[PDB]
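Now for the letters of each chain:
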Amino acid sequence: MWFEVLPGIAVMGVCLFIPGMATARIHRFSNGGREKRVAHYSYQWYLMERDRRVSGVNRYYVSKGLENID
Amino acid sequence: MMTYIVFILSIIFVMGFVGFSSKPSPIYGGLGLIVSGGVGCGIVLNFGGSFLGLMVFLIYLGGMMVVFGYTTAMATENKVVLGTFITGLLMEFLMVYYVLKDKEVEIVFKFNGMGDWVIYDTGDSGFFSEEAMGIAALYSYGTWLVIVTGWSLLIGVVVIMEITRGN
Amino acid sequence: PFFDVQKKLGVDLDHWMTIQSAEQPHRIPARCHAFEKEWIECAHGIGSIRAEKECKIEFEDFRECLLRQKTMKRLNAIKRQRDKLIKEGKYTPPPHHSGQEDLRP
Amino acid sequence: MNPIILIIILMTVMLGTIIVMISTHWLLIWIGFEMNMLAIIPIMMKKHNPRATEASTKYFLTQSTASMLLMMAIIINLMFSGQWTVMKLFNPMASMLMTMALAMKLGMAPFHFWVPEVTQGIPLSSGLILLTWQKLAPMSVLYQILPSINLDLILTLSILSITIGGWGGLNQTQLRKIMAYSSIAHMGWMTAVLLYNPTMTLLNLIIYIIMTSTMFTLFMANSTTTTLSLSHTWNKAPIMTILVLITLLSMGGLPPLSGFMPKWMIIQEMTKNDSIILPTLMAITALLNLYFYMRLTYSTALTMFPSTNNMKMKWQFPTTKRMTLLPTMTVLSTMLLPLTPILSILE
Amino acid sequence: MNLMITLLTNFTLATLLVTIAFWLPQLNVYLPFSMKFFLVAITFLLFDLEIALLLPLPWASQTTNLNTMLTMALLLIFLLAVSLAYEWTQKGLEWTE
Amino acid sequence: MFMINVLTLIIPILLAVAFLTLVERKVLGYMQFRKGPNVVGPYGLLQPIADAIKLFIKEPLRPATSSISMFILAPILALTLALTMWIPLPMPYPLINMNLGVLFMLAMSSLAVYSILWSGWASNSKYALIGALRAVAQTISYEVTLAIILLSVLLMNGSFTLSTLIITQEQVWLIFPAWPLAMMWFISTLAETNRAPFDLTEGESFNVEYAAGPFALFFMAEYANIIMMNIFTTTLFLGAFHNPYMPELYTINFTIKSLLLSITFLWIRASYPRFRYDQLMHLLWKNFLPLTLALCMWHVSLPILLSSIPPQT
Amino acid sequence: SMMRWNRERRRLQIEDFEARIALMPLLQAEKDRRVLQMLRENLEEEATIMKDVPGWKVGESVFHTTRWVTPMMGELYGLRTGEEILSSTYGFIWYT
Amino acid sequence: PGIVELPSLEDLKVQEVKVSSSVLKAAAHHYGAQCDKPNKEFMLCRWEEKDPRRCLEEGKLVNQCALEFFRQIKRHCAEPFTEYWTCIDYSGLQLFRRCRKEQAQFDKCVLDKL
Amino acid sequence: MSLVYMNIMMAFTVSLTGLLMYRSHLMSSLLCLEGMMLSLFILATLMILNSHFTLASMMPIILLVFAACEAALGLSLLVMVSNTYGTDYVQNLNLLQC
Amino acid sequence: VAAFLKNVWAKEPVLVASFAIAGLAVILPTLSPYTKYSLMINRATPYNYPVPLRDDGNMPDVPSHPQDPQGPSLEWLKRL
Ligand SMILES: CCCCCCCCCCCCCCCCCC(=O)OC[C@H](COP(=O)([O-])OCC[N+](C)(C)C)OC(=O)CCCCCCCCCCCCCCCCC
Ligand SMILES: CCCCCCCCCCCCCCCCCC(=O)OC[C@H](COP(=O)(O)OCCN)OC(=O)CCCCCCCCCCCCCCCCC
Ligand SMILES: CCCCCCCCCCCCCCCCCC(=O)OC[C@H](COP(=O)(O)OCCN)OC(=O)CCCCCCCCCCCCCCCCC
Ligand SMILES: CCCCCCCCCCCCCCCCCC(=O)OC[C@H](COP(=O)(O)OCCN)OC(=O)CCCCCCCCCCCCCCCCC
Ligand SMILES: CCCCCCCCCCC1=C(C)C(=O)C(OC)=C(OC)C1=O
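Chains as they are written, first to last, in the entry's author numbering: chain z, 1 to 70; chain J, 1 to 77, 86 to 175; chain l, 1 to 105; chain N, 1 to 347; chain A, 1 to 30, 49 to 115; chain H, 1 to 205, 211 to 318; chain q, 48 to 143; chain Y, 1 to 114; chain K, 1 to 98; chain m, 4 to 83.
No wet-lab data here; the hints were simulated from the structure. A few of these clues could be false.
As the list claims (entries may be wrong) - Subject to a maximum C-alpha distance of 16 Å in a straight line, what follows is the list of computed EDC-like cross-link-like pairs (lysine to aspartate or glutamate):
1. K79(l) / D99(q)
2. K18(Y) / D102(l)
3. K291(H) / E15(m)
4. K78(q) / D132(J)
5. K18(Y) / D70(z)
6. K73(l) / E114(J)
7. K13(Y) / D99(q)
To be verified - Computed Cβ-Cβ distance ranges for the label pairs, DEER-style:
8. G41(H) / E62(q): 51 to 57 Å
9. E65(q) / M2(J): 34 to 40 Å
10. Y52(m) / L97(J): 47 to 53 Å
11. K47(N) / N85(A): 18 to 24 Å
12. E65(q) / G32(z): 25 to 31 Å
13. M2(J) / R114(q): 31 to 37 Å
14. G41(H) / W23(A): 52 to 58 Å
15. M2(J) / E107(q): 43 to 49 Å
16. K13(Y) / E65(q): 49 to 55 Å
17. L77(m) / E68(Y): 27 to 33 Å
18. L77(m) / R114(q): 37 to 43 Å
19. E67(z) / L15(H): 46 to 52 Å
20. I155(J) / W23(A): 55 to 61 Å
21. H15(l) / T76(J): 44 to 50 Å
As the list claims (entries may be wrong) - A few chain N residues that don't get close to chain K, going by computed Cβ distances all over 10 Å:
22. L153
23. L249
24. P306
25. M311
Note that beta-carbon positions come from the ideal geometry of N, C-alpha and C, so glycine has one too.
Turn these sequences into a full structure, and let the hints steer you where they fit.
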């Protein structure tokens, strides 16, 4: 009956679920277990490049806390 | 090579202009001006003009060249073109060769041959795009400009309806 | 006939976009704000004929801010002599001009 | 055309020129020219025939080309000065491009080739607007940029306009082409005195506008676009032949008339600057203009050409045309020379 | 940079699929001018320019000159409406209304 | 690693377009008191694969085209623009997080009329060119209300950023303050994709010279556009809850809403007759455009009068 | 609902902007020492390169004024590698 | 023209604040409260002199007063601050509004112990 | 000056010589005219973005809008020319020689 | 004025809704008490750095610290 349309709808829904889940997991894999930094404005980019310079490993996402000061 | 990306896009821009200005057919001329508008948008985007580049896409290519190709499709349906095209191409690549081997050229103005990244600013704008704020100031500071532009567009509507009527 | 209606009526139709040193949104400076301010305050009121000869220093500084021709010519000279000394082998770049020093902040 | 739409469009022509005259920013100059061209295109296509569409297309192409050259001159000025003030230009290339663009908008030679075609293609009232009101905005821009105008360029344009406008009107029998070549020669006279004294530029502009408006108003009042239809005027309205006689003798610059006033003052300003050959050759070249003006006075007022029989019907009907300001313009175009020192009001 | 890679990838995939679709089945042997359409295209162009004037409004609402900004925003949308009303009443929107 | 992210965007686009054809045939079956394809695959699931294999080996139509170059470029442009409309879509995170993603989508959708125009001119048939000019005039007409509705909505957003539009709708769906904009938006996106009741390319009152392959390419670009405009309408008016530590909640929620909205397109094509061409021109220029201008004035003036101007950043 | 939530978002924006403001003096001091570091390194390498060149004044200003001029991008990153150049001049524009 | 006068590499040496931007944003409001005076001295000097070379020593005082700010957090409230800037650091826009309970614990521990 | 300005000016001069050397079609002339406008847009935009001259950021938009309105007018003239002769050939527009 | 409105509402309700929504867009911001708060919130948003003043000796309204009592306050925005 009407539930016969549901397998194709389910396959199409899995195919629409893949890109967002994929980019979320790829952002967390590529950005140290966290969200990708949003730099829409040049201040956010300045802070991100400052984090890349203070990390010492040329990666913005490697965060340095109070252990890096004396 | 990647430090010269605005220069490379500007070369493709001049090549597209030599493409449509040699005038093969107004439909291929429309295509050449479309490709030129896209790469000129890319130049504008690489100087940080995101909104102005998207205005080239939305208004120039998506608005005006659509109407050009539309009118051309309603109106329409060589050796001079090819020679003119290779002439403009050889002039442009002689310009490229001179300004790359010399890092300086003078056609009418003096031009540096370094990568055009050198002229940029070394700071930040904080929490705004300066270009977005200057375009937003059309409503706060550009009152007279809004008045004369909107009046010219209303008059443009009236003028097109006058001259296309034939009565 | 420049009928100066804007000064006559006290209205600002287009003086605001005329110069870079004018009042900008969010007090955003132009890159040549100081040079343009110096050239405008030099050349103010003395007329264009006296401003050509008496404000030439500020105007040359301001044109060189706007187009950076002398700066790019100097960088051309330094980079060309550096490439010549690299080709001759009479110079080596330091580690901080090769990318091996882990910048300041 | 709807009369309300005609009024709004004519006010928009006027508004574009006024924006050019009052603005301090180069973008608003360019906007005033764009607004003026956009609004004046329907005035040229007022009667909807292929000659008006051809004239409007030629006018569009020349004025659009001049507008793009103007914007490139503005943009080069912004490169070399970082600003937009309507004053002297800060590059000789931008000065050359803006002088070329304004010469194209004026139709000065060797960019003169649209003016007889576009003037012939359009009605007499719209050609009146084209030859008088449309000179006002580019002359005001030339007025403000004269510290940067190259002398050799503007004088080359001036003498080339005077010679080409003199020889061009000699071959013409159409009245609109006669007024167009007369326009080209008078704009050459206006730009020749510009770098020396722009008050005499304004004087020549005003006297030219008065005399040209007088001649177009006479042509509209008699419904004449050819020499040979203007030659019927004596058998229909003999006062109009006297008026075209005195106005054409004035446009030739014959004293004691008012059109002797500009060129004399122009020579008076060009010899103070030790230029003697140039106003001499300019004045001798203006005898060409006087020759075809005299041709029109011979055909219209000083002889009686043969008429037709149907003219007897038009004897029974008076001119219902609004001949707006025609007696005032006829008096000002002829009897103004005793008031020549009034020119100081233009300073 | 990631955007240029993404545009190149979409263009490469589209060109590859078009090249497949034009050369995979090769293995087997086997108008009068209408003034009305031009007028609707020009009306699109003019209203599209008016839209280009309207596009910085989400940024323009952030100003401290809000009385002037609101006046000019309502004036631009009003002139777009007056353009539509003139297009309506002079029979410009007819037979493609 | 970024190329993996590009592929996991664009290959599931093609798979979802492939199975949208099955969903359409099944839903239009069961709304027409019959069954759809249920013979080829189990529950009909292999029908798009069989139809794709059938179209790839069908004989070329062999046109004597006016231009070969634009005949090739119209499917390339259509597919490229159909794939680039997906890259700023926040679901919850976009592939390309750009600050002006809304305006990017509006520009790249305004470019898609050249595929129609170039395919209509590249065909020899004058009537194919007439249908192409009608389709282009339809599309550029409804782009006007797309632009103005989208501007009026983003007056509540504060920016052109698509990811901010999730923040905008954390307390309420944006269909609650903007349901007239939402319904004119939805009908305008229906008329953008040449979708019924606006499909005059299928009515007897432009790409007929293409072979079965390039017709399938135009068709899959069109269904990519349909799924994309439903996703964009979902993000725009029916914004879901987003937990930043569990992004899949947002992905499941927007995916369900986007599927229901695509099925609503399918419901609409199975429910109404077509418009005549002057009638949808009347619908745009005389119905949607005056209301859209009035609501644009209202959504300019309303955040100022309520003190509800959104943030810029 | 949009009234309450946009007013809350404006308060949150003011809190973000004041965090930025409280951080700006440290960032400005670091930026000043950063650009003076880079100009001093460029000056020392100009001194050790431009010795054969006759009539060359090392560190000669191109401006007649002795006022501080904000350093251009090629003035700071001219002698450095292309990766640092490309980062500092197109990194924010090319970022995502 | 004249020779530009640059300060030496020894005059630019200072003990840097080597913490990330999420650490700075988490400590930002208390840093603007506690380190007000040398920061405003530096920014007054920076807007009046219009020259970074004339503002170095004041700038060093900024870099001297920030470190004393963080040590006084590291001596007393290192763990609530660490738990707070980690939650700030997770977010892509680094939202304050996602982290209100860690902020409340940090503000509680700072208001109590300092 | 900077190297991209050479190419944008050369693009303007190429489209200028295209617009000053007609072949047959009026449409090709209008395309060269709008290419001139596009190059003016790009050159203005690169100057204004380089200078950080904020208020002139609205200038190229205005330059776009007016000129596209100008382009609209040009297309209308072309159409009326094409409603007379069947083509948009510039050699049909020669009635005003006499 | 009453039969005309019912006539145009019966014939053309789209245009009646258009002119009504546009009229409410025009006249209602002049009648709203919250239009002032829009301006206050826009001028209370700190895009730039608050460049401090040199204490000449007599500025009683300018604070020496952010947590001082004098200066502009945002209690109206926290409360509303
Ligand atoms: C985004 C999520 C989904 C959103 C909703 C979409 C789902 C529903 C879809 C239904 C099927 C649609 C299939 C296609 C149909 C196309 C035809 C169609 O709809 O035509 C539209 C029709 C067209 O009208 P028409 O052509 O049918 O009627 C005849 C029209 N004349 C008179 C001109 C001949 O209506 C509209 O254009 C209205 C658009 C929406 C208006 C919303 C108004 C809101 C209320 C304003 C205030 C009113 C009170 C007065 C003032 C008060 C002030 C305080
Ligand atoms: C520093 C200087 C600043 C500027 C100073 C002022 C400059 C003024 C420039 C004058 C230009 C005037 C152009 C003509 C008016 C504009 C509108 C127009 O053309 O109206 C004429 C009108 C049209 O009639 P229509 O129906 O179209 O004709 C077809 C046949 N039925 O009706 C007619 O055709 C009726 C016939 C008579 C019309 C005569 C109009 C004369 C106007 C000019 C007067 C002289 C110039 C002003 C004084 C000197 C100023 C320099
Ligand atoms: C017939 C020819 C072939 C036709 C088929 C293929 C072409 C058509 C389909 C592709 C269209 C390409 C469009 C390219 C530009 C799109 C606009 C754009 O880049 O916008 C996104 C973004 C703006 O947002 P924003 O966040 O401000 O930027 C980052 C700052 N933090 O900006 C950025 O992120 C900027 C990133 C760097 C700059 C990117 C420049 C791209 C290259 C130039 C265009 C290339 C294509 C030219 C021709 C296209 C067809 C006209
Ligand atoms: C002041 C506020 C701002 C106003 C400007 C902004 C408006 C925003 C909406 C944009 C509208 C743009 C286009 C308007 C076109 C108007 C002309 C028109 O449509 O006339 C024709 C129409 C009869 O229709 P017809 O020609 O037959 O078309 C086929 C369908 N039958 O004729 C009619 O149906 C008559 C239409 C006019 C009367 C409508 C009255 C509505 C009153 C609502 C309440 C009062 C609202 C306050 C404002 C005052 C309005 C008068
Ligand atoms: C290689 C990836 C897939 C390429 C595209 C082919 C499959 C999708 C389109 C095929 C199609 C299907 C299934 C289909 O159902 C259909 O009828 C509605 C079509 O014709 C209009 C089709 O073209």
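A quick look at each hint next to the structure:
1. Using a Cα cut-off of 16 Å, the hinted pair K79(l) and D99(q) holds, with the two alpha carbons roughly 14 Å apart.
2. For the given pair, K18(Y) sits about 12 Å from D102(l) by alpha-carbon distance, which is consistent with the 16 Å threshold.
3. For the hint pairing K291(H) with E15(m), the CA-to-CA distance comes to about 11 Å; that is within 16 Å, so the pair holds.
4. Annotation: proposed proximity of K78(q) to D132(J) holds, straight-line Cα distance about 11 Å (limit 16 Å).
5. Straight-line distance between C-alpha atoms of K18(Y) and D70(z) comes to about 10 Å, which keeps the hinted pair within the 16 Å bound.
6. Straight-line distance between C-alpha atoms of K73(l) and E114(J) comes to about 13 Å, which keeps the hinted pair within the 16 Å bound.
7. With a C-alpha separation of about 32 Å, the suggested pairing of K13(Y) with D99(q) is violated against the 16 Å cut-off.
8. Distance hint check for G41(H) and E62(q): the Cβ-Cβ separation is about 56 Å, which falls inside the suggested range of 51 to 57 Å.
9. At roughly 39 Å, the beta-carbon separation of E65(q) and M2(J) lies within the given 34 to 40 Å, and the hint holds.
10. Taking the beta carbon of each, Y52(m) and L97(J) are about 51 Å apart, inside 47 to 53 Å as hinted.
11. Restraint check, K47(N) to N85(A): a C-beta distance of roughly 47 Å breaks the suggested window 18 to 24 Å.
12. Take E65(q) and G32(z): their Cβ atoms lie about 28 Å apart, and the range 25 to 31 Å holds.
13. The hinted window of 31 to 37 Å between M2(J) and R114(q) holds, with their beta carbons roughly 35 Å apart.
14. A hinted range of 52 to 58 Å is violated for the C-beta pair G41(H) and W23(A), which are about 29 Å apart.
15. A beta carbon spacing of about 31 Å between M2(J) and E107(q) contradicts the range 43 to 49 Å that was offered as a hint.
16. Between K13(Y) and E65(q) the Cβ separation comes to about 31 Å, which falls outside the hinted range of 49 to 55 Å.
17. The given range of 27 to 33 Å is respected by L77(m) and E68(Y), whose C-beta atoms sit roughly 30 Å from each other.
18. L77(m) and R114(q) have their C-beta atoms about 38 Å apart, which keeps the hinted 37 to 43 Å range intact.
19. For the pair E67(z) and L15(H), the beta carbons lie near 47 Å from each other, so the given range of 46 to 52 Å is met.
20. Against the hinted window of 55 to 61 Å, the Cβ-Cβ separation of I155(J) and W23(A) comes to about 58 Å, which satisfies the hint.
21. Separated by about 48 Å at the C-beta atoms, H15(l) and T76(J) satisfy the suggested range of 44 to 50 Å.
22. With 10 Å as the threshold on Cβ separation, the claim that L153(N) sits away from chain K holds: the shortest Cβ distance comes to roughly 18 Å.
23. Annotated as non-interface, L249(N) keeps its C-beta farther than 10 Å from every C-beta of chain K; the closest such distance is 28 Å.
24. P306(N), annotated as away from the interface, keeps every beta carbon of chain K farther than 10 Å; the closest lies near 24 Å.
25. Annotated as non-interface, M311(N) keeps its C-beta farther than 10 Å from every C-beta of chain K; the closest such distance is 27 Å.
Comparing the model with each earlier hint shows violations of hints 7, 11, 14, 15, 16; every other hint is respected.
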